[PDB]
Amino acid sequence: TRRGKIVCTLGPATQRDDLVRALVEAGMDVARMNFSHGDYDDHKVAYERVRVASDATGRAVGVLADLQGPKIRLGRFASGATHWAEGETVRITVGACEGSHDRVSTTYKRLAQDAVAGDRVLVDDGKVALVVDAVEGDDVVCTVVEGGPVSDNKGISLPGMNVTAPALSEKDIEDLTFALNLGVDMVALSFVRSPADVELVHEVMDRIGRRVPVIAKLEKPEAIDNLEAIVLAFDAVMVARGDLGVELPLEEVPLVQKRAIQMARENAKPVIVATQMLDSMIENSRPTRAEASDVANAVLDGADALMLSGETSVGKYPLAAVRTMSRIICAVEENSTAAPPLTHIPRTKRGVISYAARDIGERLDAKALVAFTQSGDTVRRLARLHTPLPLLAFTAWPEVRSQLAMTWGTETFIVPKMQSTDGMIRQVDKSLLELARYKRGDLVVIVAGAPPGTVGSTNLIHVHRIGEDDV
């Protein structure tokens, strides 16, 4: 089956009866809750539907809370939408107004203070483009240079204007508190600029009394300048290509994507590739040739996971988008699971051992590689290598199963906390033998460590036949 993981975004198109369940059955590995839209009622109902579907199907499904961050947005228009045609003059004001075609509010109250004639304003990830002609009091008077539809609350980007805004707003802190209390498994922070942004997220977590893994969304030039330090400081990264391709020239995104995936893999951190991967499937039952190519290539690049956004959250074909994505991933994988080589030989005990375990398993034609992990680290150091063999994570901590839902090629088994590596190995046999897929005599390579129940203790590789007396 499929090795690469699929992240789907929930929203209006997944709220109908049984759709969340249908996404899980179709292969969704991680459900994204985007706090840019919806209210707390919405997110709670959707969270519950994911947990139910996961427990009903037996599939691991992680829940990712995506914080909106310092997003700049337009306000509302009188009819909900308008058309900004090339050549029209429009006013974006930092004051109060009822929006109309001619004049609309913005959430960024420093716009009129900071804008200068010549500044570019890109709406909705570049659908519409304006240029500032002047500032008159609270109004930024613009000419539409590239025309298109605009609608209530659309995002704007001010590339090459330094935005001043806190990494977490008050809304983000409330959303994060709600999400932590609700029980989500990971958190993604939009518009990360610095490795120190993770410290702000940790502050909230520690006050509330609950940490979960933090994903840095990469969608700002500062993020790319600080890429390595960000990969090191956060638990995972997302190539957030929508905003990244307005904040940077869109032609620079493909090589940035590949750099970011490679860096994540070298550091054994999960990487998600996001946004417009199957964009046309918002309206169409089949994707474009560029879209299938983009999905295939993100697999070949070495991504742990690929994300669907509007394709599942608002589109007409959410289930078909998941199925289509999965078909493309599998077609590539069937040819080969190889990723680009890592440029450093592993140095850490866990890396050295996971690398050796892969060697042994492949050369002896084992049926699976099995790794015990308390934090996920030992398994992540193996997963990033890619192997055509099944990779079976064993843990005692249920949250680790949901966290590993985003890690390449990995399925997780929850077992009791054991007091010995012999016990760990017995648990492997018990768990695997309950599956139709495994039988007595099957060769597996098991990575474990003593002292038991200690992060980082990984220190043994055992070649084992299931149920046989070889321990």
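Between two forms, the rigid core is defined as the largest C-alpha subset superposing within 1.5 Å. Residue numbers count along the first chain shown, from 1. Compared with the form deposited in another entry:
- Taking the core as reference between these two forms, the lone member of 301, 399, 235, 138 whose Cα moves by 2 Å or more is 138.
- Core-superposed comparison between these two forms: CA of residue 115 displaced by 2 Å or more.
- The Cα position of residue 94 differs by 2 Å or more between these two forms after fitting on the rigid core.
- Taking 2 Å as the criterion, residue 336 does not count as shifted between these two forms: its C-alpha moves by less than this amount when the rigid core is aligned.
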Given for the second form:
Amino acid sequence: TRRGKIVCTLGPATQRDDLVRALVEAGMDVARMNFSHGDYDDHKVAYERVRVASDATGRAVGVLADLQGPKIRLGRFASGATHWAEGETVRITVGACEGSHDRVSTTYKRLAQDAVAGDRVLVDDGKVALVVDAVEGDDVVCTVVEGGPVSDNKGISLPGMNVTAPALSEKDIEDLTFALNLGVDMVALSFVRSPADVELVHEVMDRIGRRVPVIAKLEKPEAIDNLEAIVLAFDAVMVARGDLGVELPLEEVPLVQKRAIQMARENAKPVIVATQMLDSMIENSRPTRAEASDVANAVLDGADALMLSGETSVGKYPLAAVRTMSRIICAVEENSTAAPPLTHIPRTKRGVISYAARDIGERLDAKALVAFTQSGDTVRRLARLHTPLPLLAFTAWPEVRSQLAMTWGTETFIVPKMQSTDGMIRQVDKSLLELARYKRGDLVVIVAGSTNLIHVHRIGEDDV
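Would you mind generating the form deposited in another entry now that we have the form deposited in one PDB entry?
Since only the chain itself is given, any partners or molecules it might have are not part of what comes next.
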């Protein structure tokens, strides 16, 4: 069964009765609540349906809160929605107004003072393109160059233009607080630009008295220039290909994706690949050949997890998308679970032991390898190795089971806190014997202790 994890985004299409349960049963490992849409009641209902489904099926399911970030968007139109056609002049002003088809506002108040002539403006991730003709006082005058649809509050991106905006907006902080009190397991931050951005998130968490892992979404050039620093300061990364393919040339995105996955893996941080993987399944029951290829290739790149966005949140086939994503992942993994070799050589006790434990397990045909861990850190160092052996984490903290839900190839077990190696072994055999694929005699390799011990153990027997 499947090693690569699947992240699904909740929204309108999953609000109907017991669709969230259906997703979990179909293989969803992490549920993303997108704070760009919906109200707090919406998020709250969805959060609870996930907890119920996780508890009712016994599948681990993380809840991931995605903060909107400093997203730049259009203001409001008189008609609600207009149409921008190849040829037209359009004004985007920092001054407030109830925008009309030719004139409209933005949330970015430094637009006029930061846009220059020749700047490109991409709307809704490249559905409509404009070029800046002039900055007159408080207005940015533009000519539509590729036409299409514009609603209220749709997102625009100005490639190249250096944006000045705080990493967390007022909305974000409110939304972060709400999510932390609600009890989410992880937080993603959009439009991350430097390593210092995590410290702002950390300040808010410390104020409220609760921390969780923070995921940096990579969708900005500055993020890619500081990729290593970012992967080190944050707990995980999401390759956010939607905005990444408008903030950067779309032709560069495929190599950036591979570079980020490798960088994450070398540092034992989870990496998620997002956006448009099975885009066409928003309308169609089967994906395109490129979409199947894209998912297969993200698995071979070595991604911990792949994400569905519109495919589950607003589309007509949320369940089939998840099922289809899962089949592709499985088809690839059945053939081989091999990932790109890592170039870094373990110098840390935990790392060194993890390599060794894999070697032993693989050479001895072990049925599984088992790690005890507090924060998951030892398990993540084993996960990046991409062994075909079942990787089984044992922990006392139950929130850690939810956090490891987005780590490659890993199932987690909650157990009471232990005070002897004898304890650990009895514990393991007990926990594992309750599954049908584990019988007395099965050979496993156990890593334990702050980790400093490898133990080759046959289930049931007294080898300790």
